[PDB]
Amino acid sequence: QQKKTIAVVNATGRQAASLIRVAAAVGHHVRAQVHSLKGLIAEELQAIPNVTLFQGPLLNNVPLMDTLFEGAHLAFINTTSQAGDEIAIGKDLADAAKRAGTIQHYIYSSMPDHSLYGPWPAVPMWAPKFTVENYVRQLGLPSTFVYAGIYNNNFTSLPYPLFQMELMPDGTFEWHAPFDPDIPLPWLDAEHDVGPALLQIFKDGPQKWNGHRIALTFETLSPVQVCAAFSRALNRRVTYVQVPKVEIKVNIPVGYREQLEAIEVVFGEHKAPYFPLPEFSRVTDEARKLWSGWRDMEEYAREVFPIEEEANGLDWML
């Protein structure tokens, strides 16, 4: 009954773009911030009638935030550490949403602070989000926090850290990571499943979800199980190899290296849970109730992975 307007930031990011596409298709008007209008996705998103893009930085730009929230009733916020000041930006956005007065439900995409649950270090790009989560909880605005599982499409044969599905000379594939071969990890098809799940949270409403933490993951798989889904999907031998240090074969930003080293220690060295919150110990229950049509790792490897690889210029799929 009159779809409410949704405000979003980082519009071209996976989580935001997924929500935007489905929300607009069902009638929601969307107000989305993007750092720049250029780009395959930004251009794709601005061509959707129900969507309006507002280009500019979030860093020290509250005015843009006030503009974004004007006339909005719902918000889905996901920040990045890129411009630095992620905590600051997250608080400014929450304050801007409160000030707009019209936001009835504010969803923030949070991550754990591992050092709170054991003799473990805080993963640099995750812990900050939890801080923002604590802040948002204090605002007199209904809020819900989603914890995203590992994206299925992090996988690529390009020489990128942690999630390379390396193509060997013999046509076989190998995934090398510090993750214990058998401890199940939480996965997520961002493209297809983030959008529908977030929309159901909005449909259910703030009385049901105010204050809740939801694990946005629809299936748990150990690395060994992931490789077998790929092997089964591509009819190729795909095997997992546990490695102490992440193989970093290309140059990466300083902050990303620190993130990876934290990962070597937390999952490699300590074998700590991905979601170390007591609430998340099935961890997939709520997510599946929210969106029944979620896709698994085998469908990704077989139906999307080949196309994404060809799009990146790879030829193994001929």
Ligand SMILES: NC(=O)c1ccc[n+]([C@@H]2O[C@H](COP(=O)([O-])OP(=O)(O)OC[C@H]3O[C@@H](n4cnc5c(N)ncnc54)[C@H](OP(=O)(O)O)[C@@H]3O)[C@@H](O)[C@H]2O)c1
Contents of the next structure:
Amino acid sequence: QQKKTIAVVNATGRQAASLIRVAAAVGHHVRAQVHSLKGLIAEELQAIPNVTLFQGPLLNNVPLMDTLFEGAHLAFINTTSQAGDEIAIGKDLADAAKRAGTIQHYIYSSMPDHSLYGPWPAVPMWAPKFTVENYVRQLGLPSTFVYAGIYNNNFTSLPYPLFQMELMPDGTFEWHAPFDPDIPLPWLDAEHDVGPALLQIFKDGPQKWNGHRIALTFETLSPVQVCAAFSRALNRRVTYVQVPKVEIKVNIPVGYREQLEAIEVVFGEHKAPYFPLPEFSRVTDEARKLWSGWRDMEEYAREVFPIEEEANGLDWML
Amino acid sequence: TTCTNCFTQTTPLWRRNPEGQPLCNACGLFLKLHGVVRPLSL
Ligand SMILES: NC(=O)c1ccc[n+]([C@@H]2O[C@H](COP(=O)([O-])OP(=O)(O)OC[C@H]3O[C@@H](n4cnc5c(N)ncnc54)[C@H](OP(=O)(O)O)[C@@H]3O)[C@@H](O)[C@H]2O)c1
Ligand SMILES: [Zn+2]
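Could you output the structure for the form solved in complex with the ligand, given that the previous block was the form solved without the ligand?
Now the full complex is given, and it begins with the chain already shown.
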């Protein structure tokens, strides 16, 4: 019934930002943690009426944590590797929340530890989340865990790793990745659908979702289909090319390099499932039930892709 | 048609706000469930 106060971290991130916009819009209060006020998103969120930001780091920063949870009834926690030890952080947060004693529903955004379901390696920026999940369960916090599918908007024609929808000279598009071209992958439209879904989960309470793992994915497509989709929207020739290794056309920091290396092995070498969890091995059923106004690849490719490019400074849409 | 909120032109099902005005599945659904117009980035 009544709207609550939600604590969120990494406010500028695609998952948080999505929730924040929708949460504030319907009447909820938002206490959010941002690493910096400088930035488009930052200023945007800074602008939304019932949003209160706290600028500071999460690593070894319990003071902020305590503040953030003051008067909070809900929480959507989704960290990044850019902030430091994601487990020391994810643990402190969960401790903060418990100390607050007012959290009714604590949704943590989790990811698989592939080395636990096969002879595979632990993907560097996913596996640590799984450890924090268990810790949340351990504290007994009324929680629900979400596993986000890969973002439709990771795509860009720019020289960024793994998800480059490259604009060939002849005006065609090509996507080169280690992923099998025939194997469906779990997709998700972060900006468009994370907010609405998390809202609906909160709207349901731990009475329904406590202890549950939910796959935040609204559609499954194989690389070839992804391309068939971009090709459907832009009315151009988009073709997929399976490459043994991830192409790194620019300078990237270690963590992302190691991350990609693991990805090469797990998806390229071992042809493994994005969600190696027995429960996630349709996976889109629950997600679609929670939010049925999701945005598929076709609409993304057509309606958003072009725009995002444009903003990034490109011009083939003109 | 085009959505009056997000202005998309790609949607699985078209909707009508309390004014018969054209909304997309998302915008229309969000409004219906929460009471306010779907908030858009930017
Ligand atoms: N992309 C996918 O397909 C996918 C799928 C499943 C899970 N994930 C997970 O999503 C998590 C990331 O969350 P997200 O997608 O919501 O974020 P995101 O949109 O990828 O954005 C990354 C964020 O970190 C902030 N940041 C940059 N430098 C930082 C620093 N030094 N310290 C602290 N924060 C810093 C950025 O803020 P500013 O812009 O303000 O600098 C930005 O909001 C990752 O753990 C990833 O594994 C991604
Ligand atoms: Zn719309």
